[PDB]
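As structure tokens, one chain now follows by itself in the form deposited without the named molecule.
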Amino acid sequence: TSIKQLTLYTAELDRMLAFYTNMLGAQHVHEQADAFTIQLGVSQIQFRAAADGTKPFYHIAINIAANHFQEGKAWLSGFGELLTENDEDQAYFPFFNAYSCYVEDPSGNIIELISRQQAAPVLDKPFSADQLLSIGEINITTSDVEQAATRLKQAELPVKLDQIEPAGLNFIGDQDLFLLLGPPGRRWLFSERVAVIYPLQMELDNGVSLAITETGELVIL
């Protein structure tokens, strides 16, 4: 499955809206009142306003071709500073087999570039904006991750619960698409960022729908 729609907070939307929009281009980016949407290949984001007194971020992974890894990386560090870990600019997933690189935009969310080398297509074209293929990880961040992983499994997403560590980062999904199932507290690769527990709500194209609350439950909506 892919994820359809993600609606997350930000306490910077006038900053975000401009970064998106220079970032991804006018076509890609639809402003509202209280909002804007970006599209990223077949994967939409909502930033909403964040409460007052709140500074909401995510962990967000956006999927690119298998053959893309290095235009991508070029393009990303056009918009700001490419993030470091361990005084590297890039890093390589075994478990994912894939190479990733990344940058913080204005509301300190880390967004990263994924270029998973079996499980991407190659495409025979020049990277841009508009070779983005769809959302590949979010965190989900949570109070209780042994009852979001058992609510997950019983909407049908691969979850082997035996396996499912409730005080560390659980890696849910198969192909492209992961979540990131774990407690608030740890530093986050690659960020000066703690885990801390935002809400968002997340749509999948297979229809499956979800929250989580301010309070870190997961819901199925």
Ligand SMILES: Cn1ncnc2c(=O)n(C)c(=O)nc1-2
Second form
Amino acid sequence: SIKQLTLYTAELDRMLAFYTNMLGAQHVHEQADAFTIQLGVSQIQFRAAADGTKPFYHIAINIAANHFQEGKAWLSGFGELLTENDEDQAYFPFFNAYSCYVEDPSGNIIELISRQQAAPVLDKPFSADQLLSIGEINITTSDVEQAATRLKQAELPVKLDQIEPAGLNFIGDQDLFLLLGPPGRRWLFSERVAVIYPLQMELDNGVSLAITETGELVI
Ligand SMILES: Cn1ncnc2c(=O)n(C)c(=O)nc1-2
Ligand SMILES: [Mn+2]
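Switch from the form deposited without the named molecule, shown above, to the form deposited with the named molecule bound and output its structure.
Every chain and every other molecule in the complex is listed next, the one we just looked at coming first.
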């Protein structure tokens, strides 16, 4: 799983307010020119973006198998649900998962994903305290093949011969997938096309990786 994720934002103030209101003060901590949010076992640190840039990403958050309708209702309280092909949710047969989406103040595409067999059934009400972990993050890179290769050299599940340098590649299994692909591809549920922005990531198993501002995945 993702222990720590570092992202950039050109809307630090609005983002801090947005997440404080969504998650509650007990999951959101203001720092110096940054703030953190805790999503179950995953933390995201949002740092101030460079001037002249407007970084955004696609982040999916795992929720329990039985929590989708409550999750969707909850998410809708924080912004208009995004739609694709006139639908305000998706079923993804490959993940056997239900998803819903909202845009945050930076234009991040924030998804709740409820994996129907790859997430637990929690017999309790859903709430902001029931977000389990980060289930997806985009790895938008200037070199998909290089990125896929290094991710394998990092001991992640990768089938190199299946990698599509011009398309989106699902890297992972169980409840975490890295969405590896090139810039230019429009994100489902969004008007925004994928753009390379820097980030850093620490997995629970100690592996550390980063995407530079020009799109190079490094370990
Ligand atoms: C292909 N695909 N499968 C599953 N989920 C997505 C998704 O959330 N987004 C945002 C996307 O652009 N493409 C997807
Ligand atoms: Mn997604």
